[PDB]
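Below you will find one chain, with nothing else, as structure tokens; this is the form deposited without this ligand, and questions on how it binds or moves follow later.
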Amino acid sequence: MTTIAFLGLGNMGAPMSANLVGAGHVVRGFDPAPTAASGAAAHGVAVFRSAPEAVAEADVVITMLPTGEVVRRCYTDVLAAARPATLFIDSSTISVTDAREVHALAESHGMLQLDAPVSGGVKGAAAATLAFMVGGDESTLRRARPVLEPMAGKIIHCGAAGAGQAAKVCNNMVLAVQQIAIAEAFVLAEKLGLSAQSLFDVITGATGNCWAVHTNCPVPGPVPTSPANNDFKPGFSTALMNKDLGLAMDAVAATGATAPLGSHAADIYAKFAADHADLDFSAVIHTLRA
């Protein structure tokens, strides 16, 4: 039983903090959108007036925030307020550069810090099946585990500070490329007169099989639970995939790496996000149809 400050109580942070309450933790919350704060207080978070007040009496500080800028700004307002050797876990999805900068900022103020961004969306969050991908010290993760466990389906240590954000962004670049290529295959099949069910049966039984087809199949019929059967409601929105791909391109730009298909997938999703940010990212298949 730890005291946790939870900064960022939106779509992810609210269900996450609820599970912590449910696990017996004292959760001290802050979010500058009062709608969000009020939702979390209803599920037992003690909501404070300021981020610094929230963090004053915590052993652990979790951030779940929209950008690296907002994380950097929040760290700057609060690190001085926390007690020395408080454990900070950033579970926001931000750039690897941002994660390292802020990790170093936290350690220079005498705080332990991890990056622990998550996959699973709001449904994962509410059911406590998120995957945590963690960057930082092994001993710091050991200390953190009892806090992460009531939120998690899995916790995987990825390496030194930043490696959590790196792992997630690498996977999600791959995912985006696969989701587009699967959409291309299904449209080409349709013009070839190969049925959707037949193509599904072959790819899922062969070397091309991947989550984008077996779970996220972009045509209705073969996988009744996929977004294609529910008007492409997310699921995993185009808005969010476009964010992760911007972060992948930041990583590419920062390393000098070459990622021809990842970058092509970034452009394609950037264009599609302008008008269909609201649709599951499998809905990119519409751009391939005339």
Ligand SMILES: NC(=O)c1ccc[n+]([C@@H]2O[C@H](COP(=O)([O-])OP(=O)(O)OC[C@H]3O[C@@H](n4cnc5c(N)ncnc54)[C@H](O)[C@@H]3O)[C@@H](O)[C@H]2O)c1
Second form
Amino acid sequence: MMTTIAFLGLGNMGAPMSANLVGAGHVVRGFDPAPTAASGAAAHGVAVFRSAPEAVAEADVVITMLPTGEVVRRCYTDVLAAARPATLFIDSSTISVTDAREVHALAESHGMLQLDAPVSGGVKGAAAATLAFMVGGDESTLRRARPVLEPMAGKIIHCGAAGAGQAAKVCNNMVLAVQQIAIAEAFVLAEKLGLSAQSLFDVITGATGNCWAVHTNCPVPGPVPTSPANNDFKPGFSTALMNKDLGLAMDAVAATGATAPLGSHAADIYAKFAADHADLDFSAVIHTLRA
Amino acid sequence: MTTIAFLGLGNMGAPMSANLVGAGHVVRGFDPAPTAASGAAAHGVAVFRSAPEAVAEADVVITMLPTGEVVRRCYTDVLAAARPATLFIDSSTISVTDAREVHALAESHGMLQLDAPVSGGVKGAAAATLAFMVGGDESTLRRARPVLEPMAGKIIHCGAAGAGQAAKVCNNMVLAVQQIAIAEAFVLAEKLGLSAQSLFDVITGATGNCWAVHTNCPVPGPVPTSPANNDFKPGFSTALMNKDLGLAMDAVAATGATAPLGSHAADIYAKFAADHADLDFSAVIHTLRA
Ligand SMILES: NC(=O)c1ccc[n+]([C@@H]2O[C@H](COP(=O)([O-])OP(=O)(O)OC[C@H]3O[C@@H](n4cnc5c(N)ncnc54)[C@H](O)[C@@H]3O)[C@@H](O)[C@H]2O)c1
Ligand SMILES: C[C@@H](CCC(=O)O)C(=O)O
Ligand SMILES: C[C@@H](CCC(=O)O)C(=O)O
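Would you generate the structure of this protein in the form deposited with this ligand bound, following the form deposited without this ligand above?
Let's see the whole complex now, leading with the same chain.
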């Protein structure tokens, strides 16, 4: 149903997400403290406001799409008292599980409904409205939120209680990072063995080793012409963002006392690579295994 | 139609040879274990006291043996007994270096030779669904194809000699890494209060998906048939995975390659095989706190 939505954070993800909500007939009230972000969002039909409290004042739903837990926490502290009681808050930022539960609790103590709904699919998913939302919180609250999320989404998955969205995401992305390094390692070893890249591709993809890091993101040019390796390692999914998600994985590991040997090794590998190659697709880590 | 000498009639070699008999081949056999040889003779293999005798009348000689050293020693023991242009197929899993050496040895005797290691285990072997990954010439593979077919679900030409070994060892190194990574994720999810079923639904629907989770799920429930629901009965044993990883490490050393994650997995599984060699390799989920 047609709803008034405050959208806080109108950057690379926020702006195309808000555009799709405008497209779907929603009244969208935006705030972003970077005026260039606000401007682009305004051009696609977002009513932009001077302050986050103002955007929130007349909203049935408040979406945050923000860079860090700290920024989300700060935003919530600024805006929750300005919101009408029992407003629905959706945080679609990617933040630590700890941060997520903290801000969830904060929202509920102000009388607001709240979900964590971080997304995968990147800017291209965002623009095409094919993002996967991975949701933590009450089933009934998600029920309410569904018609707001659908115009932005390819998939909506209920993961469990508050924080389970962030948890599911960060677990997947840790696995992914490990797979991307492992695939790169196999391709270089193959090369040193005289096994052709095409041959190795055909085998792994036909065998138990198959995974998106090879079938879609193949780190050598040729076998999958759409993969970033064929395009100077243009993201795609940048090393900067993978390194962020791995930091959040390591936060979760630290918070739980879990043991994740390879997840953590992959974290240290991507952190070193991020220093000088933050801008390249995460499949570019193959470069560290050659010469 | 064809006479085949089958050298190595063990857990894999016995059922593979039974399938060859089943497809109308004359199978001649050798194994140093009487129990293996006897079982094989029970399903139609003519068992001989030595490998050179088994080889004498054969058009094709298949090896299924435990190490490159044994394969090399077999070749040097039988090559003079073979007729010229006999087709040698090594379906042992040995190092790429060993494969190429024995390939060159065989061809120097005017024989034709392939490396064709297999995936699928005893189960696959008995069911005739093994995946053969082949190195050697395409024309030689073509000539071999009617022998491989009755043992095989899948036959892939990987490249020149050694490429079959190479492809297998590279896939299994990745598999080992995946199996550990998936296990990490399940125990992480559990400590975060994320249910095993929710994690499973997400990963299988997302970029992290792989066989290690969709078929070998290391926690019981999401995949009722996975070894986790059956006391981690193999499946694919830790002993065997540890074997393949040893071979990956030889290949890494031999080439001077950088394989930090593959190597780390190799370390983990080598440790784990000291205590739980007989369990499915997905059981590694319960050795993360070591
Ligand atoms: N490929 C991707 O871009 C991708 C994919 C999935 C998830 N994510 C995650 O999405 C989140 C944001 O993505 P993005 O690309 O839009 O980030 P971005 O950094 O491009 O934009 C963040 C925006 O938030 C604004 N902001 C900061 N403080 C604010 C406040 N108090 N109120 C309102 N706005 C504020 C900033 O000015 C900026 O425009 C991150 O948590 C990121 O890790 C990104
Ligand atoms: C993703 C959502 C439908 C919305 C859409 O396709 O934009 C659903 O299937 O739950
Ligand atoms: C030719 C066939 C193998 C025959 C078999 O199924 O046993 C295949 O390549 O799949």
